[PDB]
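Next up: a single chain in structure tokens, the form deposited without its partner chain.
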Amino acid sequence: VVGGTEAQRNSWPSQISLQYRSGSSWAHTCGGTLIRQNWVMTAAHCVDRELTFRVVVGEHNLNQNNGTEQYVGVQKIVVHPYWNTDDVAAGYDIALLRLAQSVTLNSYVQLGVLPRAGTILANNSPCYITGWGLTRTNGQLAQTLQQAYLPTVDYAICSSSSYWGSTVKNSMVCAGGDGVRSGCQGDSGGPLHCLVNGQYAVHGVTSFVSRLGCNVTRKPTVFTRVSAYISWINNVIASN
């Protein structure tokens, strides 16, 4: 997250860190959202590589013991069947991960609430992106979980020619694009939290930014629109 602030450690208890095994260690690669005690929602592109993955819930500082973490292996990966890795602009950038164990819920570990199917945010709706991604274009990962305020940009504006044009689809949410705050590499797969009727819900799964940089004016961060995938999500969990 570029232009973020450090999150309080109990603000976003559904945020997870998706990590892969790297030699004798583990490395953060993506975010995700805990949606059941044994299921995580992330981006499909995060799990393209044939790596060994684990999820960390209750994580705040990637580089220090928080005293709150639970580490669980990924047992099954279900990518959206229409996902195509060399065409992120087509959409379907979503995957579900079944965890090897069910995690224990507490003030640091909670299920993300998802929007009702079909919900579309009005333009300029208040949302936060969260994650441990790069803090500058071509920079380095954050140590501590970051948040940035990214108001939505509706489809009509986002798909206009000076924004993303044809690359953005109605199955996506755009947010930000002010040139200061944005998602960045390592935030993919994580949540966009939007306040609706008094309650935060996870409306987006972080999908892509511009090849020109993370924080680029009129290139808002683009997210998979979770409310377009409610039936898919429920069908996968019910059949696994």
Second form
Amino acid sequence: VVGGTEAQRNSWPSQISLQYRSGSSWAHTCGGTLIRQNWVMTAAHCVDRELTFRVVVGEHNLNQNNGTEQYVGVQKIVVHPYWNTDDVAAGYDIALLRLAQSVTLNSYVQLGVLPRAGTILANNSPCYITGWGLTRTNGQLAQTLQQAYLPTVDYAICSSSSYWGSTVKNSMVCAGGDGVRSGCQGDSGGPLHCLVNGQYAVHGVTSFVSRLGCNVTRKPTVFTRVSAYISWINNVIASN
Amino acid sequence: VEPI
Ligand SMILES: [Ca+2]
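What's the form solved in complex with its partner chain like, now that we've got the form deposited without its partner chain?
Complete assembly follows, chain above in first position.
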């Protein structure tokens, strides 16, 4: 997260760290949202590699014992059937991970609330991005969870030529684009939490940024729109 | 585009 502030440790309890085994240690690679006690929602591009993944819930500082973490293996990865690794701009950047054990819920570990199917937010809706991603373009990962305020940019504006043009589709949400705040590498897969009717719901799964850099004026961070996939997500969980 |  570029331009973020450190999040309080109990503010976004659905946030997960998705990590892969690297030699004798584990490295953070993407974020995710806990949506059932044994299911996590993340981006399909985060699980493309043939790597061993684990999920960390209740995490705050990646490099220190917080005393609240739970570590769980991934048993099954279900990527959207239309996802195509060579065309991220085509959309469908979403995946569901079935965990090996159910986690225990508490103040630091809660389920993320999903919007109703088809819901679109009005332009400039108040949302926050969270993650341990790079804090500057070509910089380093954050040790502690960061958050940044990133108001939505509706489809009509976001798909205009000075923004993202035809690269953005109606199955995506744009947020930010002020040149100061944005998601960056390592935030992918994580949530975009938006306030609707007094409750924070997860409307986006972080997907991509510009080739010019993370925080670029008029190139808002682009997320998969969760509300476009509610039928698919429910269909997966019900049969697995 | 850059996946992040
Ligand atoms: Ca920790």
